[PDB]
Amino acid sequence: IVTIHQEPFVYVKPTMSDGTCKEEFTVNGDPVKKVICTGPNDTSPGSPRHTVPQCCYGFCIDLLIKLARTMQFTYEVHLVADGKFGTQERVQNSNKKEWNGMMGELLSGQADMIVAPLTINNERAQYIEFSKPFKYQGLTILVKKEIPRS
Amino acid sequence: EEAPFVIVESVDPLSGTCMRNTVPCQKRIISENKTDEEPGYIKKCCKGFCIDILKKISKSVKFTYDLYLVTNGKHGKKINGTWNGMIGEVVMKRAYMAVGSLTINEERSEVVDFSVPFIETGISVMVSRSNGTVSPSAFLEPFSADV
Amino acid sequence: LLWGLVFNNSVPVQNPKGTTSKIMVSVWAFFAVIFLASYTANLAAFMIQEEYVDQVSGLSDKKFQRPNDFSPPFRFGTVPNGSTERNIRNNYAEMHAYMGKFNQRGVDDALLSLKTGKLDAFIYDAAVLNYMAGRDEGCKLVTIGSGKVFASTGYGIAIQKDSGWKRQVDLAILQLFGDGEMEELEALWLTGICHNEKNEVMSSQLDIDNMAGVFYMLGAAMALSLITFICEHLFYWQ
Amino acid sequence: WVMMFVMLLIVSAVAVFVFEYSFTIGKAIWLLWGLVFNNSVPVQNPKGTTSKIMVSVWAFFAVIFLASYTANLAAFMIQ
Amino acid sequence: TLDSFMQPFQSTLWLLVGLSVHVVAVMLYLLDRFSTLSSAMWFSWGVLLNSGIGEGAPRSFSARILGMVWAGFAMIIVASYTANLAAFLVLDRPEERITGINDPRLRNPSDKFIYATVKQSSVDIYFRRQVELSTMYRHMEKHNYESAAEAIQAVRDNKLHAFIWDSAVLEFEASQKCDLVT
Amino acid sequence: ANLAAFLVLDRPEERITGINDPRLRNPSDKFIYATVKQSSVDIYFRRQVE
Amino acid sequence: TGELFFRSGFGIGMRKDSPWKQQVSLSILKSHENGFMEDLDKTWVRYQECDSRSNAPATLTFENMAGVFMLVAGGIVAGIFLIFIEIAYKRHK
Amino acid sequence: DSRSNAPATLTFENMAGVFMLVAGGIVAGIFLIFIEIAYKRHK
Ligand SMILES: *[C@@H]1O[C@H](CO)[C@@H](O[C@@H]2O[C@H](CO)[C@@H](O)[C@H](O)[C@H]2NC(C)=O)[C@H](O)[C@H]1NC(C)=O
Ligand SMILES: c1ccc(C2(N3CCCCC3)CCCCC2)cc1
Ligand SMILES: *[C@@H]1O[C@H](CO)[C@@H](O)[C@H](O)[C@H]1NC(C)=O
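Protein chains in written order, with the authors' numbering: chain D, 400 to 549; chain U, 412 to 558; chain V, 608 to 845; chain Z, 559 to 579, 599 to 656; chain X, 550 to 584, 602 to 748; chain R, 649 to 698; chain A, 749 to 841; chain C, 799 to 841.
Where hints are given, some of them may not hold.
[As the list claims (entries may be wrong)] Below, a list of computed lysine to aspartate or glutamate pairs in the EDC-like style, where the Cα atoms sit at most 20 angstroms apart:
1. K755(V) <-> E786(A)
2. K458(U) <-> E790(V)
3. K470(U) <-> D777(V)
4. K624(V) <-> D765(A)
5. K432(D) <-> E834(A)
6. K678(R) <-> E661(R)
7. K543(D) <-> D799(A)
8. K769(A) <-> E420(U)
9. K725(V) <-> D715(V)
10. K747(V) <-> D661(V)
11. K433(D) <-> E834(A)
12. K454(U) <-> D477(U)
13. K768(V) <-> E420(U)
14. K755(V) <-> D668(V)
15. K604(Z) <-> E621(X)
16. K470(U) <-> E701(V)
17. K483(D) <-> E504(D)
18. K466(U) <-> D745(X)
19. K466(U) <-> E701(V)
20. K769(A) <-> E545(D)
21. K488(U) <-> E521(U)
22. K485(U) <-> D716(V)
23. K488(U) <-> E517(U)
24. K685(X) <-> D732(X)
25. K458(U) <-> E517(U)
26. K432(D) <-> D789(A)
27. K466(U) <-> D786(V)
28. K544(D) <-> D690(R)
29. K544(D) <-> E834(A)
30. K669(V) <-> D715(V)
31. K629(Z) <-> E621(X)
32. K543(D) <-> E698(R)
33. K773(V) <-> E420(U)
34. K764(A) <-> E497(D)
35. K838(C) <-> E578(Z)
36. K466(U) <-> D715(V)
Hints in this document: simulated from the structure, not taken from any laboratory.
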């Protein structure tokens, strides 16, 4: 499973001294899962190349756990290298056009599922079998606000 | 037929078919149970939203079509392993295409298949708007609670 | 004297005969005017910009769970044979059992029954109801909250199993999404007229329900006055 | 406003009528014209029982009236 | 503007406030056997009225606290009254005002509205030569009139819900004869 | 009334309504707005002609 | 601000012609009907709101009180020497 | 008229809502004078 970093869906935190990360509890106090996530560190993998285990927790991975109960399989997630969702372009001005970023790994023998905020579109739907959508969404604009009078 | 998606309207009294921006759909009705009628058919014209999207898709990919309504009830459900409505009409390999107002659920995915949805919807609550306002503690709310 | 003067000369009193007392009471009365007046508007301003709240939280609330234990229960029903009831008959079996008392027919008859007070709630498909709000003469009907949905599903195109037309149509509809003309289609068909930010209409006649607070304050004042009376008397005859 | 003033005159006449059963018509009209506007000027009220309920209902008129004026006046500075 | 007394308060309130005046007058007399009926009743029913009439004041310490809060009760009510009445003068209904061709109200003509144009005129040329606007041209022919003067007289009473014509003729008509509006 | 008038008025200045505000279709140099590179949003804009 | 225009939903994607297609779609859709999705909604996304609209009837606070209570506090202490002179003024005439 | 906001003054239509009751109170107390004076001569 390959998952891109995102704000509301996949949190990422460094582990503790023992190797894993300490378990915490919410307002309800119910345990929150802390599946091991082996992603690269730093901001960009350009200059450095380090792979360090972390634990990632949030919303979508729970769907992975719940789904894995009915379909009995194991998993080992790891974050993508480039860190971008990805599209298609031309390289070396040749007739070959390939994908870069998160999209590419599913294309050539490095994963079998994608669980991430991947938007449906005509181009990507050309050759990939998307299942039913599980969260209707959209795209909007946000701007700064202005302080009112005293 | 449904209010926002498939509106039915009678034909023009002069020509025989109604105006443009629609497709002719012909429906079936039979006489009383005591004496029945031989293929008694009446044609009307259907227009709306799903009709327009179907026309667009037909112009996009070349194939023809002809629309005919249904009479055996409503949307449809499972009773004693049998199906009515659009699901019933398509389960017997006699329709090959169902359009209009079809929801999506668990059972129906086992008989027919489905494409990508285009309108978000679901179950909602609709109530009359109460005439009046809300102010349980109006007289104390403004000003301040410490002065 | 001063505690009564802070509020519209309401209490008749006897006035001290000094001079510095005179200047002090004058300046306090000035403090007076502003304070009272300021309170009066601010209250007017607050009540101008109210916010209407519907008398229900959601389908998961107890108000739809045990109707028998309240005031004459909500008369609510649904059109049968649809996909809506199948959802109901699988999570709220007892509520579905209570449903059959009314068992409405069609749509327009249910709308008319709601307009005449026979019914007071309704459950049906989200898409139809949202469109039905903008067509009625006047605007006396509104969905709960901000149009929130409780079971996120969608319409579609149902075709027979195992044909390449599945792939063709599925890839084709995303083309229609691509060019954004469905925005034009929505602006032509499913757009609505009223319901611009729910400006609310008017409070009127202020019936007993709200003044309960001030009446309770009056009763509490009477009670504490009686307690002070009895305490003072018992301490006094000793 | 003239309909208000003429009713001042008629209720002053009624007060004169009541007195038959240290009071002067100028004092009575001063009292009334005071109570109509926030009873600002201190005034020696009459001792007549019925005149007192009459001026009470007059005060009811005064309070309703004044409040409406204020409210209404806002209506005009924000539209 | 409705009625002065009835518009801002329900008839129930008048009874409840009125009866309480006698009620709150009662224990005042009772509070005088701690350590003047004609006086006590006037004291309370006057202060709510903001009148300038009164003779004496209570002396027992027990009533002293009750009177203080009683006065504050009056100020809130009269403040409450002057507040919402203000609400009436600032709220109005909308709806009827339509917004030209873009309004959904004029693209699916129901059997409640009727358009109107002068027959054999400039307006007819603009519609019939359009394509996507044809959906309203079909409803258009069934009611069109003979001349301008007749049409205006037909809309003063409830016989036509809308009219379409030039502004340079309509604008003067609305300004001088001010029953209608653009 | 004056203090009442001040406490209820704000004079809403302007907000970006959507994709129809002329503050975006005819861009100026007083606005700088961007998206995420090589992303879903970028595909939608490039293919559109107008 | 504004209203969303480009509308679609996120999805789970696999490679073309994999044997896991026909089974995942049935399960994921089944979650919506049971209500499992809504339980996760409250815990993670819709829990904190500083969303008092825009009108925001302002509960006026002690910041306003300074402009008036400063004045009243002046009178009690600005009259004390006014008291001193006037009682002496009586002794002067 | 113009300015569809329409801030309108109140007029004589509201006069009846106030003057009639208070003027009615005037004639309501005329015989109350007779009643109360009778009480003084009664005892
Ligand atoms: C909902 O479905 C039921 C199926 O049980 C319909 O009931 C049938 O209605 C037809 C129409 O007249 C009758 O001929 C049958 O005898 C009915 N059967 C039973 C068992 O009642 C019902 O009419 C449907 N609801 C609507 C509104 O059409
Ligand atoms: C002077 C003028 C008006 C008042 C009001 N006050 C309200 C309650 C009822 C006695 C008067 C509050 C201010 C708005 C008008 C009314 C007080 C003092
Ligand atoms: C349903 O089917 C069963 C057997 O399949 C049959 O005996 C029964 O009569 C049927 N009833 C209805 C209402 O279709």
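Give me the numbers of the hints this structure contradicts, sorted from smallest to largest. 4, 5, 8, 11, 13, 16, 18, 19, 20, 25, 28, 29, 30, 32, 33, 36
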